[PDB]
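S.K.: Chains B, C, D, E, F, G, H, I and J with the ligands: place on chain A using the hints.
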Amino acid sequence: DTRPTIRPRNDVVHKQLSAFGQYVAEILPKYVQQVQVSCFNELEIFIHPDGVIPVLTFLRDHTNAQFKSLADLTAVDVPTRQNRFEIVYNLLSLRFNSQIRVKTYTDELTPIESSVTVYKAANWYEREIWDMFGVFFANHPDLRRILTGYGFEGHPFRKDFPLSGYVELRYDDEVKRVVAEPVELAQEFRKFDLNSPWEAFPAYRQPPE
Amino acid sequence: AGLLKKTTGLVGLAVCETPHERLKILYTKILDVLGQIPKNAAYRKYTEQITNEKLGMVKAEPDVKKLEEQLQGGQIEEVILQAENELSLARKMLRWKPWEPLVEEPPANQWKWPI
Amino acid sequence: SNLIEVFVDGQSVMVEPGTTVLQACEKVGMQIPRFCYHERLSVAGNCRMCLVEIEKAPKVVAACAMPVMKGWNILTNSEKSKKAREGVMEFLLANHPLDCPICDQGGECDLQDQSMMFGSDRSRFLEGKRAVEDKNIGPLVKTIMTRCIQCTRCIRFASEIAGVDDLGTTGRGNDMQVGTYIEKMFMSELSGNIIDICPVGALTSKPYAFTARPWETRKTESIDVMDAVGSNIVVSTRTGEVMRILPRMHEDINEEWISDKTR
Amino acid sequence: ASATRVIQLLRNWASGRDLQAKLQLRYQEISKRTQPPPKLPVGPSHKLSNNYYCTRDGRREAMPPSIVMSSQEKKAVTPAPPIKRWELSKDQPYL
Amino acid sequence: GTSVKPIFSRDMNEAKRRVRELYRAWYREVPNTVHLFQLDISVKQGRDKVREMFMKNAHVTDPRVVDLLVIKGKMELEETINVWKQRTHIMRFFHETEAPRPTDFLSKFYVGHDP
Amino acid sequence: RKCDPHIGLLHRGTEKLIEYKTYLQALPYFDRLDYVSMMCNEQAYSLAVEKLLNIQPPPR
Amino acid sequence: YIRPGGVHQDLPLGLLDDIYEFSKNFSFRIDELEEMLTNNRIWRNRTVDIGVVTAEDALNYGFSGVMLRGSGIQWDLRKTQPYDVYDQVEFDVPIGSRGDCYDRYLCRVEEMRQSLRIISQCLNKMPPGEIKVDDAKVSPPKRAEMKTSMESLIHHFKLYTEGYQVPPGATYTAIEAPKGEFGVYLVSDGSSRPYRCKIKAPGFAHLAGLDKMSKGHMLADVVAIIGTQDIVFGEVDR
Amino acid sequence: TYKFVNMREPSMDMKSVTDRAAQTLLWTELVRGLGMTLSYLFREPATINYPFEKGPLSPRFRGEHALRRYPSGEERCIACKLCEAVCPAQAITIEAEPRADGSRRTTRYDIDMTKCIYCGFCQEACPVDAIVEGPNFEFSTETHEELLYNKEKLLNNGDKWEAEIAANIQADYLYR
Amino acid sequence: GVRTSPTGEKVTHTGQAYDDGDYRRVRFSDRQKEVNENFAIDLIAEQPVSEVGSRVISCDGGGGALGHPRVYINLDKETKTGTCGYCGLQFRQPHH
Amino acid sequence: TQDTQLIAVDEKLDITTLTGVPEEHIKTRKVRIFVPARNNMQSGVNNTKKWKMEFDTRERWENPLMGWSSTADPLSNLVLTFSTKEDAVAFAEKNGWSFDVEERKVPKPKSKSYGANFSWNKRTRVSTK
Ligand code: SF4
Ligand code: SF4
Ligand code: SF4
Ligand code: SF4
Ligand code: FES
Ligand SMILES: [K+]
Ligand SMILES: [Zn+2]
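Residue numbers (UniProt numbering), protein chains in the order written: chain A, 42 to 250; chain B, 2 to 116; chain C, 42 to 304; chain D, 2 to 73, 91 to 113; chain E, 14 to 128; chain F, 120 to 179; chain G, 239 to 476; chain H, 64 to 239; chain I, 28 to 123; chain J, 47 to 175.
Bound-form chain A, shown alone:
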């Protein structure tokens, strides 16, 4: 290897992954607004938050996809965008040893039909995505809180919820109970300005408008 430090890239798998791109694009052109392959040979199709079940069910039952292995569903809060939240699923194919990723946009008041019908593995995945992020999922068995304090208010994983929090706990002898109080830190998280001031890698340079 003349370049034993950089990761050697693979193009043959990049081709069929690109080929499977327009494939799923042509099968369901109602929802797939954008299909994108990564330089890490990862496939990412971009769909609409109304036809998630069709596109998810099709990928699950297709004899040419069989992506029955639901890895995880998550959100990436991007407050800049009009649809700040972004529900993202990861699927794996046992027969095709490949992973594809579906990405949708969503706002705070736009429900998503629950993906329990297509991948009922996720029953607990909504229970945290509505917990940490707050995105409600439409027509769901039980959208309950299983990842925060009982009676906690807000959605901590958002970018408006501070890392410090809003509630601090202390045992008081007046009430014989661990009672809540507003947060108050002995020391504060020193915000660090790590981002470099000069231009990084020129590849991902957003053109000015």
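For the record, the hints were derived by calculation from the structure and aren't laboratory data. Check each hint, because a few of them may be wrong.
Unchecked claim - Restraint ranges, calculated between C-beta atoms of paired labels, are given here:
1) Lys73/J / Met25/E: 22 to 30 Å
2) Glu106/B / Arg44/A: 38 to 46 Å
3) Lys73/J / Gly204/C: 47 to 55 Å
Claimed, not checked - Straight-line C-alpha distance at most 25 Å; calculated BS3-like pairs for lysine-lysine:
4) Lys140/J / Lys135/F
5) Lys29/E / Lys69/E
6) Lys97/C / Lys111/C
7) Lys111/C / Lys121/C
8) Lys140/J / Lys69/E
9) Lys216/H / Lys60/I
10) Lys262/G / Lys363/G
11) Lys223/H / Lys37/I
12) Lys48/D / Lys124/C
13) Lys62/E / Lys29/E
14) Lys144/A / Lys93/B
15) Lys135/F / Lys113/B
Quick reminder that beta carbons are idealized off the backbone N, C-alpha and C, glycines included.
M.R.: Same frame as chain A, now just chains B, C, D, E, F, G, H, I and J with the ligands:
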């Protein structure tokens, strides 16, 4: 077509002693639900092509032992599985009908994530 | 209009005649690595870090010096350009004293940042280094002039702006020292601004004097109070204290600098 | 390990397996806690020549992910050549 | 555009309808949680507190957000009917520990410079 | 017949704390992520990070 | 120890020998576990038939790694997606019968025996190479060259102040955890810090199956129903 | 490659059935479970008695912190500040002013001992390896305050644990 | 080399002296205030100064790799002898 | 173009009622939006590309034990990032926050001429290079 497979491996998946005929009738049904779908649909132009090729392929070779690798689909006890839900799959998009153009284009700056 | 058409890595952009290559790529935004040219300051083309090779021509031009010629495609991310930028980079760094943990510019040093983006990952030096004797030019500004890269930014700031007919580059060769020869004081009302223009730790702020580091000072935006100019400044706040005051950019009111009093 | 031979037979017979030669805990076989100084090698790019960072510039070689369709007859293609049946362990068929 | 999507209510009325049934359901257990929680609080106190935080959000005029609130209330009551919530979880609303805070400008001034 | 548990007795910042740390500072998070198998977590995080940088580790 | 760009430090002189001394007697120890904890009549019944998941049910519950392997599913991240140097070592995945508590129990101990060969193959394959990538922009420079070369000092300074900047994008990469499928879906904002690093927790998805996993079993079985799985309360919470 | 772990056909002869019938009736696999327990009883226990003996460690151990100093005697801590930027718990805290001579030594170096995780990162961060982690791990306490360290307590640790870490780093810097 | 305080209150090398009016001294009652007996400020006083006959010397703090980075110091400015900021010790010029 | 029960409500977004922020830290807290000011110690510019949204600083009392800068302001450390200002002000309305926007200053174009450093009578001539 030889000794019946008492243990297919994967638990729960039964071993039907009539794998061939089940495969054909199933493929007729999946070809049936592919009948009403219009010609321009990408579902048809792609999935009937594999179906009749596989339907023609299962019909030609009548022995299970070799047919496992002719269709390559593992064992015969599960090739009817993604096929039967392919029959289901065609039924689901008898409703969604997604060959129409995009429902609406995404917001102008929704994608493209350097920020 | 007179706007001449000149390409930038193929991308066509209209530019004003006389606009330099660095300013030509400014509109789209490239900021070719620079160490001697400053916007509000004259140009010298000394550091040679802005060198970018120009297309279909076997010569590397300075982005700050050669303005334009009709349809000259700037190859910003060229391999030859990266070679030229890398070549001068290990050059000026060769004799730089290993002072980063001890230099106040640590964390906001241009030399540090360039070496990470447009830099190598190793050294090939196997000889000695030069050391320059410090020349105290005030209890308001430091002198670690052994860290000076001879970008001559300071000597211009003396000649222009402040108007003092003062410190220049004495000596030559590897011993080219940027100083005052005789120990002449630097009193000008804009003397404190000589601190930000210096890209290295050669001239740092004596009052600050290693009180904190850039990657921890929560910066706030406030206005100079002492004078009625109402200069825009950035206040450094750490652990509930104020350590140093940095001028902002506002064009008419303060350009890029302030008075010594408010610094 | 230090027990007498007779009791060693007792635990050997009660276990049926050679516990003496493969006794659990450590003994005088471990490497000495004092060790010779090491002389670790150099890296795959510790060359003083023809070694510009651009030739190994693996950080910036990453391109923004490729686009193959955007809103703004060909045969059906499978995303990847499907896996092949694994073979029984030649060392041992079943437990 | 401004033509937003409805979660479950297309207008204030159906959202108001949902507000009624959760709020009406909230005191079917209020005189019983205290009994099961071994609490020292009179039933009236629970009733008015359920009241006062209803006015705490009795200001919005969009059907979706108020709908999210009633299901959030629908996400709250069963957490304490079935003893899932503990004493300190519902005692949190019953603000006793927290230090009394000033309200007027002068009292704000006297305590500290925290505008 | 029905068995749904209630967790969060060890719910922690993890991802929330990660964003305010750098990648190297994020490495200890995975070491403490699960409390049983430590090394294999750093296997995933390092593999993911080196994947993003398109840098392959030395064979040794 | 495992850091981006290779392992942080090198093995001490003699660590390889210590592995062999332990590994030589290890199968002897796991046999001691094997005899009394496997064919024990009351261990067997308390682990056979006590909770089982069929193929498609386990597959659709997000079960992965061993949890599918004990239920008969043929799949393993080690071989199907040979991350790292895994494509140069021979081992056998322990696929099993019906898939009850006992079935995965035999699968797990067999994994240890196979893990012993992966150790042994790797123990006599250690090549004379390096521990870190030779890219100082992502790997801290060697301490000896740190106090001698400026490029090392600057790179060490910036890497230890803000660190390397990762090019933007997202990536979900999973490896075979010794409990299940462990993946991190981190998204890079083109900065020196991550943006969101959701984890695929093997404990999480495998705790998701408990409801169907315990259809019709006694209360005293629930602890064993957990036992056939691996639910570390530190890991389930993402 | 794969290997079945459970599938097995029991032999169905009279001897085989008698074998299995005897196994259930005259408990033999049960007694085997008892059989190798006695082998464990009649074995040396691995019980290290404490503080008399000590489980082995390595010259790389990370424990109680201790700020060292030069052989002439001067503090190694340069206030280079890097240890903070890497400290993933933000336990340490460094603030320095120019000394009487001018050589900057931190006026406050307070490792919040109940904050750090003993990374080794702070050691790997220091360009003059001023802050190290001493081999001591037996420094428990009864008041939460004594855990909260300061500059003086760090220096005392460096002067107390001085020979060991000087030896440990001397025998471990080559790996580093 | 530690001097005393009005309340005894041994003042550290940094100069921290708790004034007699600070309520933050009960922490020290029934206890002891830890100060370092050695003072980094005056440990450089007795360290000998060495005359090296060259324009620029490189200091390493001794110990080869174990020390401080090889920062150079210029032995030309007569005034006060050049001090390596990393090491703290100082090199002298033999006046040629 | 969307048949998911298209109903029209004006209601400039006010998710604040459900965002969970306590009633104290919503109205009194002021919100400030502008682009970074590059530290003049550094000629880099990459900071001045985005819009970040901080809050107003609160009191920082010294911790009597060991001089920590104790803070009870949970929101003192929260800096967002926005591509432009319209989305930035938009985030100020959905989470209804008293905002204070400021338009970003852009480099005025300087006229550059290395030949001007050697003039016939122009003052741009410089006595040193
Ligand atoms: S000026 Fe020199 S010593 Fe200071 S940080 Fe920059 S490169 Fe390091
Ligand atoms: S002292 Fe600073 S500004 Fe002046 S020439 Fe040297 S590096 Fe440039
Ligand atoms: S301990 Fe080391 S890294 Fe930390 S401030 Fe002191 S010199 Fe710098
Ligand atoms: S070893 Fe401890 S004190 Fe040092 S940087 Fe790591 S966590 Fe902080
Ligand atoms: S910027 Fe053109 S050479 Fe300095
Ligand atoms: K400077
Ligand atoms: Zn020195």
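S.K.: Now, for every hint given, state plainly whether the structure supports it.
M.R.: Hint check results:
{"no.": "1", "hint": "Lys73/J / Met25/E: 22 to 30 Å", "result": "25 Å, holds"}
{"no.": "2", "hint": "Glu106/B / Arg44/A: 38 to 46 Å", "result": "41 Å, holds"}
{"no.": "3", "hint": "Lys73/J / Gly204/C: 47 to 55 Å", "result": "51 Å, holds"}
{"no.": "4", "hint": "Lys140/J / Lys135/F", "result": "22 Å, holds"}
{"no.": "5", "hint": "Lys29/E / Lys69/E", "result": "16 Å, holds"}
{"no.": "6", "hint": "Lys97/C / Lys111/C", "result": "13 Å, holds"}
{"no.": "7", "hint": "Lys111/C / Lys121/C", "result": "22 Å, holds"}
{"no.": "8", "hint": "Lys140/J / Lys69/E", "result": "18 Å, holds"}
{"no.": "9", "hint": "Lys216/H / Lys60/I", "result": "10 Å, holds"}
{"no.": "10", "hint": "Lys262/G / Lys363/G", "result": "17 Å, holds"}
{"no.": "11", "hint": "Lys223/H / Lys37/I", "result": "20 Å, holds"}
{"no.": "12", "hint": "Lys48/D / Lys124/C", "result": "17 Å, holds"}
{"no.": "13", "hint": "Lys62/E / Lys29/E", "result": "20 Å, holds"}
{"no.": "14", "hint": "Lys144/A / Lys93/B", "result": "21 Å, holds"}
{"no.": "15", "hint": "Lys135/F / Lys113/B", "result": "24 Å, holds"}
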